[PDB]
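Visitor: Whenever a hint applies, use it, and build me the whole structure from the sequences.
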Amino acid sequence: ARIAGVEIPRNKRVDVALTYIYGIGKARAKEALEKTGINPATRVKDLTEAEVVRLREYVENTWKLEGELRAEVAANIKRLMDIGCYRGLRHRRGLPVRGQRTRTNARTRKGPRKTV
Amino acid sequence: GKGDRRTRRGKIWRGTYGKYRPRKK
Amino acid sequence: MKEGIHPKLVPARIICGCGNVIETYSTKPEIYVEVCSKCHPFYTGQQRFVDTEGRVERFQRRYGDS
Amino acid sequence: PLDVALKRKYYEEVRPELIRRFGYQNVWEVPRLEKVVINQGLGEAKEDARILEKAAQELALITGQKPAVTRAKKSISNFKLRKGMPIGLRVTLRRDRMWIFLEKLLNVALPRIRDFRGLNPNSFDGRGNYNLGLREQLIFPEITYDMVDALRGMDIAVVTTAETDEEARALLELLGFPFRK
Amino acid sequence: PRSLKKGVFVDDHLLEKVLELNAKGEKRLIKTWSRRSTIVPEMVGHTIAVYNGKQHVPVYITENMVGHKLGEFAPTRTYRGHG
RNA sequence: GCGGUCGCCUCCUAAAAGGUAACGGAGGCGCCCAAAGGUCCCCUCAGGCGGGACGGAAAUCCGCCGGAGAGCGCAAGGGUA
RNA sequence: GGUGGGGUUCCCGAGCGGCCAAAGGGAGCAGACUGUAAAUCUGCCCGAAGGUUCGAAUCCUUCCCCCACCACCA
RNA sequence: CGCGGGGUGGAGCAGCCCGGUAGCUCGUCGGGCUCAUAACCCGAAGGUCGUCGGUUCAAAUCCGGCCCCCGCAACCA
RNA sequence: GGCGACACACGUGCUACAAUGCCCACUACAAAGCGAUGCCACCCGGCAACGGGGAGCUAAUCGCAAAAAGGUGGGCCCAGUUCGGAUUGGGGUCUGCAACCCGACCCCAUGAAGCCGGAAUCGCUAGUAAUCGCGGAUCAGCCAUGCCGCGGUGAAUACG
Ligand SMILES: [Mg+2]
Ligand SMILES: [Mg+2]
Ligand SMILES: [Mg+2]
Ligand SMILES: [Mg+2]
Ligand SMILES: [Mg+2]
Ligand SMILES: [Mg+2]
Ligand SMILES: [Mg+2]
Ligand SMILES: [Mg+2]
Ligand SMILES: [Mg+2]
Ligand SMILES: [Mg+2]
Ligand SMILES: [Mg+2]
Ligand SMILES: [Mg+2]
Ligand SMILES: [Mg+2]
Ligand SMILES: [Mg+2]
Ligand SMILES: [Mg+2]
Ligand SMILES: [Mg+2]
Ligand SMILES: [Mg+2]
Ligand SMILES: [Mg+2]
Ligand SMILES: [Mg+2]
Ligand SMILES: [Mg+2]
Ligand SMILES: [Mg+2]
Ligand SMILES: [Mg+2]
Ligand SMILES: [Mg+2]
Ligand SMILES: [Mg+2]
Ligand SMILES: [Mg+2]
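Residue numbers (the entry's author numbering), protein chains in the order written: chain 4I, 2 to 117; chain 1F, 2 to 26; chain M8, 1 to 66; chain 41, 2 to 182; chain AI, 2 to 84.
Calculated directly from the structure, the hints in this document are not laboratory data.
The reader is advised that the hints may include incorrect statements.
Restricting the straight-line Cα-Cα distance to at most 16 Å, the calculated cross-link-like pairs of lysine to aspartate or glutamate (EDC-like) are [to be verified]:
1. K55 (chain 41) with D147 (chain 41)
2. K38 (chain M8) with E174 (chain 41)
3. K32 (chain AI) with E64 (chain AI)
4. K6 (chain AI) with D65 (chain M8)
5. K65 (chain 4I) with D65 (chain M8)
6. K46 (chain 4I) with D147 (chain 41)
7. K10 (chain 41) with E174 (chain 41)
8. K8 (chain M8) with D97 (chain 41)
Guide: Written out as structure tokens, the structure reads:
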């Protein structure tokens, strides 16, 4: 069923289906399972609607999540720019932020190639 | 895969150790 | 209202992270709800859970002594 | 269905606080809610009426009224649209059924919106009615998420007998509209 | 990310001159070659001329610059695009 | 001679009835509609401003102001809420 | 207006009363060969309504268009 | 002045009849083959349609003007 | 400070696009080299990087050490997915006078391109090719996926 933001997962498995939420997966998943004492091998398709609210409230209230996270990530990145720092104007230019090299494939950060 | 540091054989690739590849006997 | 081809709109029961919303009055009675706010989850009677304000703050603190 | 908690809450909470604040001389002069008009611009569906009729099925479910269909006033070429094609759905609702719908809208719908730090308070149109747009339709309780083919939003128009803006705000404030202050 | 968390390294060349600018009664432009160092809190509100290898760049200093090195605000290259 | 033109409609020329010429100024027709027809019952524009998800100068929605500048199948005129 | 031919899978094209996803050709796709381009080779894929029989792409009525032809014009 | 035709990527041409999604050859650009170039092969980019009005929902396309272009005409005197 | 730039183009490579596959547990079998200004067992704290404590070894003595694929068992069930790990946010460990430019590593979050690659083009005839790990050199640390070596499992096919 539903989780912070919405993000309805289904079938699969409770522990895997929690990955499908923004802010959560692997580690943060398998942890919230035992702390609400729920079997991760169980399919979310069927479980007690109790384990659903046990899970929801924990995960929602433990740590910040989809809407809130995404805006906070975007928030620091803004602050890295507009403060004028090098970390920042590599966010301005859509260029690689940490080291690496732009003389050859930057592509992920750089975008498709525009030949000349 | 040998490039995901978060797997057993991933960490073996860089030959480092950690949570996903602890040292024990 | 025109007779025929119109939804019933019968008194219902809505649930949530809180107790029941008695009012209801809608088609499809006995509905389940993700999170209702006005019982004060969700920013109303704001809990402001997992709040931070640590963006400047964190490097102001642990860096204070260290 | 003449009970409707919000309706009552208007008379035994809101009307009084209203007179106390603006000091109205007359019984009628204090702001009333008339007419919440809901509207979907659906022109995303032009030549397919099959997409439309599923969406009007949707509104009726949340409103309890079968909506109208609005039709192209003029032909405007740049995005398709010859004249008289179905554009979207529009349902007027009042008098109870506006109440029962606004009630659900405040307690259930808006809480279910991603983020939602509250309703922008500049949408008062200055003669004192308020307007708001919604992104998806499953924020209403009547929608099951397995019935959605595609997410289409709407326009909600709420009309007040409040002559001014500041008044109309008060009314909706006291009704429990979560403004962003 | 990255590190120290014991020692919090900053050059004592300027830290002297900055501390001395704290309680002086004066605030002026301090030229430094030290980009290796870390910035603030006793540094904030001060104008430092930082070397990029070519010259000293003026930088005004404010609180959200906190944990950052002094070279971050003095970029070494010159680009302006290609075409 | 060559070129243009040749019947029909609208406006001006046309001198406040009508009519009125030139190889005077400008435009249109040779169709169309089984609803774009008869009748009864309702309804009232364009435009401007404010508001409103995808909606942008204008898709649809709400508020107010708007006596007709909109519409009337097509040219213009007269007419017309 | 008249006569004679038609109408087939994307194009052409044969089309028979015992079923003919309906010859064949080329087009397209995928294989083989490849200096380029091909050529060669292998596989993949009934105008309309009605009506006569047990069976209709086949016979008839009708309707729609095409091609052809002859003739007329107050 | 007269009449007919035209003007569209860098070149040369379709598309305009019949309103709605601009095509072809060459050229250009990136790659391949070669020791290398050319030929050849695999990819790509590039035009608002002379210009200004008008018609329409929509104009390269239909209408008007102006502007250059090609052709024909200018006879009896 | 730069040699690390970045509209772009090319060579050599690594990791892949998954089910003869990925993940978790347990369990095996090598060789060559390296190290007492170092290799570090074992114990403790840490999710971990690592930090404490500390024993042996000038080393067929003691240490790097776990070899990995493989074996067993369990999970995933064809999904841009438990494939793949690029980017990016935050949090830390270490070397070093110092990691902004420009380090390596750990953890949490993030999860991109990519569904087997146009014209073309490379290697390999046997313990070879494929695939799997391990060691040295340089070196404070390391941008090593490179290089030089080591063994593990181990094909196909040569008409002519
Ligand atoms: Mg670089
Ligand atoms: Mg993985
Ligand atoms: Mg009002
Ligand atoms: Mg003549
Ligand atoms: Mg007269
Ligand atoms: Mg007169
Ligand atoms: Mg004429
Ligand atoms: Mg209007
Ligand atoms: Mg408006
Ligand atoms: Mg008029
Ligand atoms: Mg070839
Ligand atoms: Mg070339
Ligand atoms: Mg060449
Ligand atoms: Mg136009
Ligand atoms: Mg003569
Ligand atoms: Mg170099
Ligand atoms: Mg490499
Ligand atoms: Mg011995
Ligand atoms: Mg993709
Ligand atoms: Mg650096
Ligand atoms: Mg797949
Ligand atoms: Mg390849
Ligand atoms: Mg040989
Ligand atoms: Mg492999
Ligand atoms: Mg190695």
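Visitor: Hints numbered earlier in the text: which of these fail when held up against the supplied structure?
Guide: 3, 5
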